[PDB]
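Participant: Below, each chain spelled out in residue letters.
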Amino acid sequence: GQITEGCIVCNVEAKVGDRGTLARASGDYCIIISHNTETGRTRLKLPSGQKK
Amino acid sequence: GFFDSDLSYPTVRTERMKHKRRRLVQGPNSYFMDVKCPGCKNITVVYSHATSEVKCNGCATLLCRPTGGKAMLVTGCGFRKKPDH
Amino acid sequence: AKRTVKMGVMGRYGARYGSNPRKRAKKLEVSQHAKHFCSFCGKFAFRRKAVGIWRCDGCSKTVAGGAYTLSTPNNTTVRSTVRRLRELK
Amino acid sequence: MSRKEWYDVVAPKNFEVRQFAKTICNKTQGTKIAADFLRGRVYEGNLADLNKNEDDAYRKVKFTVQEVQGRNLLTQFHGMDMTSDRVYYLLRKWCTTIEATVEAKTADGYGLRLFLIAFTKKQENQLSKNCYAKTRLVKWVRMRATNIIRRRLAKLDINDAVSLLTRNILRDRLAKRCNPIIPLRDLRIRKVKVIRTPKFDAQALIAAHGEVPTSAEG
Amino acid sequence: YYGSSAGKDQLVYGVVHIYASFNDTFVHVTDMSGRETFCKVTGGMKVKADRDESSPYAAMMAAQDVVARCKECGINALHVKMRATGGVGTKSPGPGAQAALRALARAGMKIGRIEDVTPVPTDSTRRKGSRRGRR
Amino acid sequence: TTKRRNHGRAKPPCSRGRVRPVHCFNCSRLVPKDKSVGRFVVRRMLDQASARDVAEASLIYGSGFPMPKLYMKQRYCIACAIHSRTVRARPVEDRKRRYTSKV
Amino acid sequence: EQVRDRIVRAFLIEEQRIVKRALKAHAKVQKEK
Amino acid sequence: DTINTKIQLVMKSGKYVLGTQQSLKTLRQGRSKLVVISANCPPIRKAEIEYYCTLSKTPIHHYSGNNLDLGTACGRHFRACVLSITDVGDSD
RNA sequence: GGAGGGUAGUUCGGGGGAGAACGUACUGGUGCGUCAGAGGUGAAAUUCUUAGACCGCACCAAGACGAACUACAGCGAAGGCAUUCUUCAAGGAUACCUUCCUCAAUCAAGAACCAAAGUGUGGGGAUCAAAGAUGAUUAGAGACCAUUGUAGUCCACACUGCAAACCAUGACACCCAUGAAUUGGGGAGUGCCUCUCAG
Ligand SMILES: [K+]
Ligand SMILES: [K+]
Ligand SMILES: [K+]
Ligand SMILES: [K+]
Ligand SMILES: [K+]
Ligand SMILES: [K+]
Ligand SMILES: [K+]
Ligand SMILES: [K+]
Ligand SMILES: [K+]
Ligand SMILES: [Mg+2]
Ligand SMILES: [Mg+2]
Ligand SMILES: [Mg+2]
Ligand SMILES: [Mg+2]
Ligand SMILES: [Mg+2]
Ligand SMILES: [Mg+2]
Ligand SMILES: [Mg+2]
Ligand SMILES: [Mg+2]
Ligand SMILES: [Mg+2]
Ligand SMILES: [Mg+2]
Ligand code: NA
Ligand code: NA
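Chains as they are written, first to last, in the deposited numbering: chain Be, 105 to 156; chain AW, 2 to 86; chain Bo, 2 to 90; chain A0, 24 to 75, 78 to 243; chain AH, 9 to 143; chain AV, 2 to 104; chain Bj, 86 to 118; chain Bg, 19 to 110.
It should be emphasised that the hints constitute simulated quantities derived from the structure, not laboratory data.
Think of the CB as a built atom: it goes at the ideal place given N, C-alpha and C, for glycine as much as any other residue.
Take the hints with a grain of salt, since some may be wrong.
A partial selection of chain Be residues facing chain Bo, derived with a Cβ cut-off under 10 Å [claimed, not checked]:
hint: 1; residue: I107
hint: 2; residue: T108
hint: 3; residue: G110
hint: 4; residue: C111
hint: 5; residue: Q154
Let's have the full structure, built from the sequences with the hints guiding it.
Facilitator: Encoded structure:
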């Protein structure tokens, strides 16, 4: 929630406390699309092209 | 209009319009002037065009401002042209 | 180009594996064994030691880089984006 | 159709004519409340019809429905435009067209985007054929106008900013302050977009509308 | 009786969208917001020749049908919005644009605030045909 | 044989190298912008007969308020300008009249 | 070499904390008056 | 750069020392007039130099380039982390 | 009245390289409304459509492109270059009682750049559209016309080195008649005028 939209990230947690499960292979990363403060959810673009 | 014009002794009208280096004998376009800033008792010699910066010797104030072409003096000061030689 | 006209470092492979696979691997082989500029100490002393690990002979620093080159073009873009977003706060 | 009911559309209190439209909607049946279908519509009116022989006949204002009060739909400013045939009438050859885009914010928390247009003018004494301008002066006109708009709108609520835009107060200030840079003619505010809104203060909507006229529907 | 509770002398306004292309004509009546369509009659609903769908006659017939049906719901006046094909397209109005507008006035409706709303790009995609055009 | 001194366009030598092409108004053929034939058209939305009927039924235009017009800038390829009679073939020594303004 | 690095690090970093603490306190007092 | 012109003037008609070991000796003796530090200097070494300058009342200039650039400005073919001017002969 | 360098107006311009945004439009989605056709042509038929097409309003995503203003206008060695703001290094003209003192002109060999199509490896893929597929027209039609459709068209990094790459006019220097215009710098009555303003 504290990272600005459009920022490149890695080692993303899919659940709070998972300690990192997404974008862990060489040269991989995710992109932050948008935030939703009403529901507290963040939308990302995965390395495979899917959105989560 | 009946006058016949020769090239060795051109008339004043046609010579006053020519570009320098296009006259019969080229020459400068500039001159020097004595500039007295308000007060300070001092007289300075300033070039007409003077692309550089100029400060009065006494008051350490700028006298002229650079410009493409002739320089412009600050509002207070008044100048006086000097003879060519 | 006294010993070899165009093979270069790939001359150890003899007449095997094909010309185009050899050309593609030659570009990455040269940069992987080259000496790269070190920003910490201002020397050309960065050398690879296993994929993605670069060590400087001068200041003895280790950096996480990219496979066959010290820095990848994607990394350069990312550093500029993050700097602008930090300055935006 | 037999399922339709009629409603009235009401503009805010800084407009001479309050009820400027009528509309229809389905009856509330089952889980469809018929107020969820009405709370996002955009209605357009002509400024010359809302506000009473000027340029106002070529201006359009959009309002977005925020609340349903009986048979009255209460609205708020949403945008403003200029109509295409009016813009083409001001264009001429042998002139420079100056355009600007401005982002500004009000005190309430609204985000606005404004589009300006202006043209150079020939002067009555002139005999040449060009009237074009140097790009240094064009850049200066754009920045001076940007600063004036941002500073004026930064200390106003939405209702006062709307009155500024629709009564040609800001337009005259810009034309007067930009004339010394370059002669200029026909400065206008071409379009206004609302790109951000605050979180629907219900007390704010009450004060914006003041006294609401009644309706004779149903 | 269905439409509105207002005096007979009062004017109730709707909006008519007239889309006059070179192959058909649309006459479409809505309210001041674009939702809630009232009537929609096209020139191809009134002919059988497949080539007179754009004719001035087919546009006149469609306009007269609209006025009759809307005269019961209490709609007396209309604002007018006219358009041509637009974006990458002819940009000039078709043959039935004038006929439809004139037919509305003669049939007894009231007019106000005519305006043209053709979509115009400020820079576009490539148009059909080659770089040699249609031959 | 050089038919024209400007070769049919408005690009002197030593001035430009390339001019961006536009699409013909009619056939959609790509033509350079200086070579094309351009006209600015202002046309009424209704003719005289129809304007009288519409003005009578309206309260806005019913008393001396102008009806809207249509403004377009049309650009033609050479073939479509000749076929539509925008321009015509002219006698030699008459090909030089210029008509700097629309009158 | 490593012992010298720790001694210099210990003294110099503590100095910066003392200096910046005084600046923050003085600025607050100056602002309030 | 204007600082490059001043630096070139010092090399022409002044005295200086290049390097950390010689610069610190001048600071202890109090003979240094100006100290120039490159942008490459490690944080712990830079902090030590700034402390010596504060005690000595010596002005500090922060160079924009790294030690490779600073050595080039002085006409050298090596790197210079820090430079100390003991004589501003003509420049300032 | 040969070349080079300097200082100044923080001069002049679709000149070049990087970021961040903006604008409608084409296509595709989403939510509401409506009900029988829509599209296309010289005329039609392949196509879409009560499983709700076309049309109306509001939004969303992605890729490309910057209309009118735009011209016998500007910049670049040529090829080329058009939204705004922030940046980086350049280039020409003008002004000068600045500096220097033949440092120059043109060229086999050699070097760098070079529209579109094309090639290789990664991205991207909205529009248009070689090949190909359907429908027409025709004696025939492999074509022109209609509906589509892959490579390409866009970006990065490597190649290729050809155009009616044209002013079909090689580069440097001198002389040479007139009248109206236009772009940039410099010298010597009128309109606007609380700061990129002695403008
Ligand atoms: K074709
Ligand atoms: K062609
Ligand atoms: K022409
Ligand atoms: K120069
Ligand atoms: K639907
Ligand atoms: K661009
Ligand atoms: K085709
Ligand atoms: K050739
Ligand atoms: K120029
Ligand atoms: Mg001009
Ligand atoms: Mg072709
Ligand atoms: Mg030129
Ligand atoms: Mg060319
Ligand atoms: Mg759509
Ligand atoms: Mg534009
Ligand atoms: Mg290509
Ligand atoms: Mg390719
Ligand atoms: Mg590919
Ligand atoms: Mg197609
Ligand atoms: Na040619
Ligand atoms: Na040739």
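Participant: Indicate, hint by hint, whether the structure satisfies it.
Facilitator: Verification of the hints:
Nearest Cβ of chain Bo to the Cβ of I107 (chain Be): about 8 Å, under the 10 Å cut. The hint holds. For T108 (chain Be), the shortest C-beta to C-beta distance to chain Bo is roughly 5 Å, which falls under 10 Å, so the interface hint holds. The beta carbon of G110 (chain Be) is positioned within 10 Å of a beta carbon in chain Bo (closest approach about 7 Å), and the interface hint is therefore held. Interface hint status for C111 (chain Be): upheld, as the beta-carbon distance to the closest one in chain Bo is roughly 6 Å, under 10 Å.
With its C-beta approaching chain Bo no nearer than about 20 Å, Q154 (chain Be) sits outside the 10 Å limit, and its interface hint is violated.
Of the numbered hints listed earlier, the single one contradicted by the structure is hint 5.
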